[PDB]
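Build the full structure now, drawing on both the sequences and the hints.
Spelled out from the first residue to the last, the chains are:
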Amino acid sequence: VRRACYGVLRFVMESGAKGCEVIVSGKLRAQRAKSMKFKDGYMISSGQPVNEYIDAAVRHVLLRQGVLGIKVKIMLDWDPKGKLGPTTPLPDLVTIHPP
Amino acid sequence: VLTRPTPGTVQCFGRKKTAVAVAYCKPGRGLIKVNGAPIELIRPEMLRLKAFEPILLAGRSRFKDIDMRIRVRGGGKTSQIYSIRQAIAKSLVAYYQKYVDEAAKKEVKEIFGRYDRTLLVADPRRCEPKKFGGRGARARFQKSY
Amino acid sequence: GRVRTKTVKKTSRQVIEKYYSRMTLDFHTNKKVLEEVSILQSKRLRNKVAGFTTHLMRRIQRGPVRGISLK
Amino acid sequence: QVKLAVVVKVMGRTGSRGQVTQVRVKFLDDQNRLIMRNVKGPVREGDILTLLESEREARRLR
Amino acid sequence: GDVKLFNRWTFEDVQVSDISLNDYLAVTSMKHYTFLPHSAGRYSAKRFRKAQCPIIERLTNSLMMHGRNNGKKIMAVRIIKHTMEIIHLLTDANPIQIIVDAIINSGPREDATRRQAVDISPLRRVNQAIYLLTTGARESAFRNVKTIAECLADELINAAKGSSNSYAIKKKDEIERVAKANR
Amino acid sequence: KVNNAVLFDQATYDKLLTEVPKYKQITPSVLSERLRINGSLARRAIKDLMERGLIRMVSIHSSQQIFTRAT
Amino acid sequence: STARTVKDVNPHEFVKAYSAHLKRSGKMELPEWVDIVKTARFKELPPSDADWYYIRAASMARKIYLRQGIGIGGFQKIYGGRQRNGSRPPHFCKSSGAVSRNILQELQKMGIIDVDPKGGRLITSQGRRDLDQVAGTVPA
Amino acid sequence: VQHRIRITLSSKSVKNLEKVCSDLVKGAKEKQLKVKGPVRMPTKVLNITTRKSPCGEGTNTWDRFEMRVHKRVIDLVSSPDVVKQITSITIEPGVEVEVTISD
Amino acid sequence: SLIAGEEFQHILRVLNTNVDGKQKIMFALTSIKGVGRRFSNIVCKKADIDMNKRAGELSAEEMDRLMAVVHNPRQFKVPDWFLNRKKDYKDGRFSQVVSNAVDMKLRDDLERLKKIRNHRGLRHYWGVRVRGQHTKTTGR
RNA sequence: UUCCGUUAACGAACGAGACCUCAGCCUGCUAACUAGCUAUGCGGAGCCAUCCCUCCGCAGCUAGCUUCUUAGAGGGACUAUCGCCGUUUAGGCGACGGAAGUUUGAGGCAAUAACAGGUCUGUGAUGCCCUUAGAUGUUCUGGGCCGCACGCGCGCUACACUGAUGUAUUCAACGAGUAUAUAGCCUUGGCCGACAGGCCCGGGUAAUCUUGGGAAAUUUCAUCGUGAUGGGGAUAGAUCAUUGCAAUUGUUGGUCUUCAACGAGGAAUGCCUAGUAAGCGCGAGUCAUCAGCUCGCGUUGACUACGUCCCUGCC
Ligand SMILES: [K+]
Ligand SMILES: [K+]
Ligand SMILES: [K+]
Ligand SMILES: [Mg+2]
Ligand SMILES: [Mg+2]
Ligand SMILES: [Mg+2]
Ligand SMILES: [Mg+2]
Ligand SMILES: [Mg+2]
Ligand SMILES: [Mg+2]
Ligand SMILES: [Mg+2]
Ligand SMILES: [Mg+2]
Ligand SMILES: [Mg+2]
Ligand SMILES: [Mg+2]
Ligand SMILES: [Mg+2]
Ligand SMILES: [Mg+2]
Ligand SMILES: [Mg+2]
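These protein sequences, in sequence, are chains F, Q, h, c, P, Z, T, U and S. Each residue of the first sequence is one higher than the one before, counting from 115 in the authors' numbering. Each residue of the second sequence is one higher than the one before, counting from 4 in the authors' numbering. Each residue of the third sequence is one higher than the one before, counting from 2 in the authors' numbering. Each residue of the fourth sequence is one higher than the one before, counting from 4 in the authors' numbering. What the fifth sequence shows, in the authors' numbering, is residues 10 to 123, 132 to 200, in sequence order. Each residue of the sixth sequence is one higher than the one before, counting from 36 in the authors' numbering. Each residue of the seventh sequence is one higher than the one before, counting from 14 in the authors' numbering. Each residue of the eighth sequence is one higher than the one before, counting from 24 in the authors' numbering. Each residue of the ninth sequence is one higher than the one before, counting from 2 in the authors' numbering.
These are computed hints drawn from the structure, not numbers from a lab. All residues carry an ideal CB built from backbone N, CA and C; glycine is no exception. Don't take every hint at face value.
[What the hints assert, rightly or not] The following label-pair restraints were derived from C-beta to C-beta distances:
1. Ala147(F) to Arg128(Q): 33 to 43 Å
2. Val4(h) to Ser160(F): 14 to 24 Å
3. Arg130(S) to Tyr58(Z): 49 to 59 Å
4. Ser36(U) to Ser48(P): 42 to 52 Å
[Claimed, not checked] No more than 27 Å apart at the CA atoms, straight line, and that leaves these computed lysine-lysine pairs for DSS-like:
5. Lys20(T) to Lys29(Q)
6. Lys13(P) to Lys67(Q)
7. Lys80(Q) to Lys76(T)
8. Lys7(h) to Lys132(F)
9. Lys75(U) to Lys151(F)
10. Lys20(Q) to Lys55(P)
11. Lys107(T) to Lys80(Q)
12. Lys20(Q) to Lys40(P)
13. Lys38(U) to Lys195(F)
14. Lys54(S) to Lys29(T)
15. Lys59(P) to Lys80(Q)
16. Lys56(T) to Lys25(S)
17. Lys40(T) to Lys78(S)
18. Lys54(S) to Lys36(T)
19. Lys75(U) to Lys94(U)
20. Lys91(S) to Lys56(T)
21. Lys25(S) to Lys36(Z)
What follows is the structure, encoded as C-alpha cells:
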C-alpha cells in the first residue's frame, strides 16, 4: 500500500493537481486498524471553494482480512478555460497588475 | 421651473416585520381610509393613536388636498398598524416633495424625524431562524446529567 | 472586532506601493481604481482593501508610515 | 446627610465577578473633594451618585 | 402640549426632582414625549440606551410578567391607561408626576454586594424602582378581586407619597438597611 | 375565606345609596371589598346607581370599570 | 350621519343594530335546535345570548356583504377557533356546518343573500340595500 | 402569427436556465415576434432534513438538503413552425423546455 | 341591584343533594350527580327558568318544573344524544341518570364485566387502568 | 496563531476569516392573462333619485404601469466620516449620516492529532465465527415489544380575574398535494346531519385549485367574583361515527355524564443578551389511521448585562 499510494500521488501531481491526498484505513498489516495519510501539495478543506476545487472519491477494497478504505482528494488548479479545473479563482487570491 | 406642478398621485409603502401597507394619495378633500374603512376605526383601538401620530403631528390641515387610500397585508395586528403609520408619513413626505415644494417637505420630514425615525425608516428586524437542538433560535433543549 | 486580516492589509500596502499616484483620499474613488489595477474576487473584499487603502493614504499625509513610499 | 457627587472618571471593574465599579467623584457642594467610591450597576462619567455616607471612601483596586 | 400621553395627559408640567435621577427618567425632554407607551424601540443594542426610553414605556414593559403575560404589551398599555385614570381620580394631579415621584421614592440608593455597602448608579436605581413597583402591584393583584390596574394605582400612589404602606418602599427600606447594618 | 353576599339587605341598600356616592373612586372591586358583596352584585349595584344618577362614569371597559361621584 | 355604508361603521355596533333589525323584521324562522346546539364542538356551552341566532345572522350577512363566494366550510373556518384538548396542546377547530347552512338558507328566504354560480353565496341588491340603509342609522 | 404559445422552462440551476431564456427571447426578438417574458415563477424549495448519524448516538445533528426548482414562462403569439424552429437550439442540460399551444 | 327576598333559601335540598342558594341556578344544578353544566343549561332553558337568577331566588314551583325536566328530559323534548345513559344494556331505553343512580349504574356495569371475566372488568377488579394506558411510570 | 509590536528569525501554508446560502436596503434596471396597482366603462348599494362623493363587482393581451407581489441582474458598508482614547500604532468607545455601524443578523462549510466513542439492527460494505431444511433462512396465524409495589430523564396540562367561559371582530409565514381507474392525494362548492360524519357536482400534477392559506395568542362586549370556583381536566360509564383485513389491552374522532391531584413546588439544576427569552398558533416528516415528539414557520414581544475569573470547564 505504501508504494501504490505514493504512485497515485506521483501520477496526480505530474498530471497537474495543485495538491493531492490519499487515506488508507483498515487492517493494513496488523489486526488493529490504522489510517495512513498520503498528502502532498496544497489542499483547502473549508468553505464553498471546496465544492469547486476538491475532486474526491471514496472506494473500498474487499480484501482477505476485511475491507480497506480509500479516500482520494485531488485539489484542482484554476483553469481560465474551465477544462482542467475551476474557472473561478480562489476568493482570497489577489492579483495586482504591474504598473 | 420655479412653479408648483399640478397636484398628482403618489404611492408609498411602509413595513414592519412581514406587514406591508401601501398608501395611494390623490388630490382630494382629506379622506384617509385603510382597506376601505376610515382610519378612525383601525384596530387594535389602544394602538389607534400610534397610527394617528403622523396626522396628529403634521396636523389635519396638511392633509386637506390629498385623499389617502391605504392597503395593508401581512404581519399581524401590531405590525400592520406600524406599517400604516410609516406609509402615511412617507406618503405625505413624497407628496410634498413632488407637488408642494421641497422646503415644506423638509419641515414635515424634520417633525417626523424628531418624533420617531421609525415613521420614515423601516425597522430591519426579522425573526431569527430556529436551530435544531432547541425549540427556538437561541433556546436549547434542557440538559440533564 | 473589526481587525483587518493580512490579505486586506498586504494588498493595501502593495497597491499604494505601486499606484500611489492614481490613489485619492476618498473611499469611493479608491474602490473604482482598485477595480482597474487589481482583480479581486469579492465586492466585500474589494471594499475592505479600499477602505484600508484610504486609511493608509491618510496616515501617509500625517507623515510617518512603515511602508516604503519612496517619493 | 445625602451628598450628591458627580462621577468624573471610571476606573476598573472590581470584585471577584466584576459586579462593582470603582469610580472617582467630585462632590456637588465641594468641587475640591475627590473620593473613590464603589458603584453597583451600570455607571458612566457624569451621572450623579447619592452617596449616603460620604466619609468612608474605599480602598483603591480592591 | 401637542403630544399628550393617551392624548389626555400633559408632559410639560412634570418636575423630576432628583438631579441624580434626571437623565435616566425620560419624561422632561420634548424628545421623550410620546402619545402611547408603545414604541417597539431598539433600546437594548447599547449599554445606556434604555435610559433614553420613555419612562411610562419602561413601566409598561415590566407588566409583561410572568410568562403567562409575556409579549402581551397591548394589555399592559391598557393596564397603564386604566391605572393613570385611577391615579388622576384619587390624587387629582397629573398621573405622570405621580409616577415619576413613585419611581424617585422607590429606587434604592445603596446596596451591599459581595458584605461591603455599595452605592447604586442612577440607571440601576430606576430599574430597581420600576421592578419593585410592578412586582408589588402584581403580587397584590394575584388571587385577588382587585384588578391589576387598581393595585398598580394604589402602589404608585403610596410610593409617590413615601408611605411605608407600599411594597416597593418597604423593600427599598430593607435593602438600604442591610447596607447600613453591613456598612 | 370570603363571605361576600350576593343580594343586598335593605340596610346595605341604604348604605349603597348614601355612603357609596360619597366615595371618590367607585369600581366593582372597591364596593366588593367594602360592602362585603359579590363582584356580580357590585357591578349590578354600580349599574343601578348609574340609573339613579348618583354617580358618573370616568371610563368603562371589559376588564376595568371606573366610576366616580357626580357630587 | 347617513350616507354611511357598512365599511364606514364600527362592526361591533353594526352587527348589534342589524341583529335587532332582523329580529324586528319577523322573517326569520328559528329551528327547534336553537336552545340546544353549540356553535362548534370545541365550545363547551351553548351561546349565552338568547338572540345569538340573529347576531350570527347579522355577522354572516355583513361577511357576505364584504366578500363574495363564502361557502359553508368557509364559514365553519371563520367561526372556528381554539380547541383546548385537556392535557394535550390546543389546536384550531372548525364550527358547526348545520348552523351556518340553516342561517344562510333563512337569509336566502329574505332576498338578502343569494347563491352564485361560481360557488358559495353572494349578496343581493336588496341585501346590500338593507345593510347600507341600516349602516346609516348606526350612531357614530 | 396566429396561435398563442406558452414555453415553460424549468431547471435546478439559475445560470443555465437564464441563458436559455435569453437565447429564446433573443431569437423571438430577431424574428420580430412579440414576446411576453421571461416571467419568473416563485422558486420551489424542495427540502429534506434528516439526522446525519447513520445510528442513534451522538448529538442529534440535522443536515438540511435543498433542491431549488426555477420556473420560467415565455408567452409568444405565433404559429407552431417558428416555435419549434426557435426551440431547436442547444438547450443546456438540466433545462426542461415545454411548448404548449394556446388559442 | 335586586335587593333580596324573604323566601331566599341558602341551602335547598334537591334530589338528595344540597344546592347552594348563593349560586346561579344553572351552575347550582350541577351539584346533583348526573347533571353537568350543559345538561343543567338545557334543563333551565326547557323549564323556562331565568338564567340570570340565583338558586335561592327561585320559588317552589320553579324548582318543581326544573325537576319535571330533570326526571323526564324526553317529554320536554331533550334529544336522545343528550343523555348520559343512551341505549341501556338490559332496558334499551334512553334516560338521564341522576343522583345516586349514577353510582348504582356504575357498580352494576362493573359487576356485569366482573362476572363474565371480561378484560376490562378484570382491570377494574385489579385496581389498574382500564383504557389501555401505560402503567409503568404514571398512575403511581 | 486577529493584527500590531518585541525580536535569530524571515517568508509561507492549512485552519480562522475570505467564501456560500437565507434575511435586511434599491419609487434605479429587467418583466409579468399562473401577481398586482391605477384609471376608464358598465352594473349594484348608499346618499336619496341622475350628477357628485363613498364602498363594492365585472370587463378590456389596444387602458396604462410596476409602488405593492415575484425573481434575475447589479448597486450598496468600507468603520467611511467626526471627536476622544490608544505606544497616538493595531484597535476601542461615542456621534452624524445611513436600510444597515454587534466582521449587519443567522447559518452552511470547516485544520492537525485522536477516542479500542456509536453504528455488523441502514447498506447485495465487510473479515472471522455460528446456523443452514425438525433452519438463527422465509412465510402465515396468534401473542409481546404498551405489561406495573418502585427510581430517573425529555416533555405537555395546570394551579387562575394580567383569568375562564359565551358573543362580536380580524391580521401570518414556512410548506404540501392525485394512477382517475365510478375513485387513489389536497380538497372547493351544494345538500343532509346537533356533532361525528355522509352524499352529490367539480378544480388542481399546481404564483392557475385547495389557499388572498379566513391561525391562535391578541382585541371587544358580557357573565363569572377569590369559592379547588364557571380554575384544572386526570380517571371513569354509556353511546355514536371514521381508518383499516382486523380497533380487545380502550387507533382516533364525537355526545352526555363522571370531576382526581394540583393553591406556584425542598436540596438541586437547565436555557437564554434582540425581533432574543417567553407566550401563541401553523406547516412538514413520521402516516391507512395515531403528534403531548422532532425539523421548520410566522405572530405578540420583554427584563437584565455590555463585565469577571467567584464557581464550572477548557486553553
Ligand atoms: K453499519
Ligand atoms: K459481521
Ligand atoms: K435505514
Ligand atoms: Mg469559514
Ligand atoms: Mg386580581
Ligand atoms: Mg365539504
Ligand atoms: Mg398554552
Ligand atoms: Mg418593485
Ligand atoms: Mg467500545
Ligand atoms: Mg419501546
Ligand atoms: Mg374569548
Ligand atoms: Mg371545579
Ligand atoms: Mg375548564
Ligand atoms: Mg401506534
Ligand atoms: Mg402529522
Ligand atoms: Mg451548567
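Evaluated hints:
1. A hinted range of 33 to 43 Å is violated for the C-beta pair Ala147(F) and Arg128(Q), which are about 52 Å apart.
2. At about 20 Å, the beta-carbon gap between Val4(h) and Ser160(F) stays in the expected band of 14 to 24 Å.
3. Between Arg130(S) and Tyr58(Z) the beta carbon distance is about 57 Å. The supplied range of 49 to 59 Å therefore holds.
4. A beta carbon spacing of about 46 Å between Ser36(U) and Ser48(P) agrees with the range 42 to 52 Å that was offered as a hint.
5. Straight-line distance between C-alpha atoms of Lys20(T) and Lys29(Q) comes to about 20 Å, which keeps the hinted pair within the 27 Å bound.
6. At most 27 Å may separate the alpha-carbon atoms for a hinted pair to count; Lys13(P) and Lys67(Q) meet this at roughly 24 Å.
7. For the suggested pair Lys80(Q) and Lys76(T), the alpha carbons sit about 19 Å apart, so the restraint of at most 27 Å is met.
8. Simply put, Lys7(h) and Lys132(F) have alpha-carbon atoms about 23 Å apart, close enough for the 27 Å limit, and the pair holds.
9. With a CA separation close to 25 Å, the supplied pair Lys75(U) and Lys151(F) stays within the 27 Å bound.
10. For the given pair, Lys20(Q) sits about 22 Å from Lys55(P) by alpha-carbon distance, which is consistent with the 27 Å threshold.
11. At roughly 22 Å between alpha-carbon atoms, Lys107(T) and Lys80(Q) fall within 27 Å of each other, so this suggested pair holds.
12. Taking the CA atoms of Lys20(Q) and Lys40(P), the gap is about 25 Å. The hint holds against a cut of 27 Å.
13. A distance of roughly 18 Å separates the Cα atoms of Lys38(U) and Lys195(F); the hinted pair therefore holds under the 27 Å criterion.
14. Simply put, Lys54(S) and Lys29(T) have alpha-carbon atoms about 25 Å apart, close enough for the 27 Å limit, and the pair holds.
15. Distance hint between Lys59(P) and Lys80(Q) is fulfilled; the C-alpha atoms sit about 25 Å from each other, no more than 27 Å.
16. For a cut-off of 27 Å, the pair hint linking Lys56(T) to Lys25(S) stands: about 20 Å separates their Cα positions.
17. Note on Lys40(T) and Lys78(S): the hinted pairing holds, with a Cα-Cα distance of about 25 Å set against a maximum of 27 Å.
18. Using a Cα cut-off of 27 Å, the hinted pair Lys54(S) and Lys36(T) holds, with the two alpha carbons roughly 25 Å apart.
19. Pair hint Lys75(U) plus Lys94(U) does not hold up; C-alpha atoms about 31 Å apart against a cutoff of 27 Å.
20. Proximity of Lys91(S) to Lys56(T) is assessed by CA-CA distance (about 33 Å); at most 27 Å being required, the pair is judged violated.
21. For the proposed pair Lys25(S) and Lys36(Z), the alpha carbon gap of about 20 Å is at most 27 Å, so the pair holds.
In summary, the numbered hints that this structure violates are 1, 19, 20.
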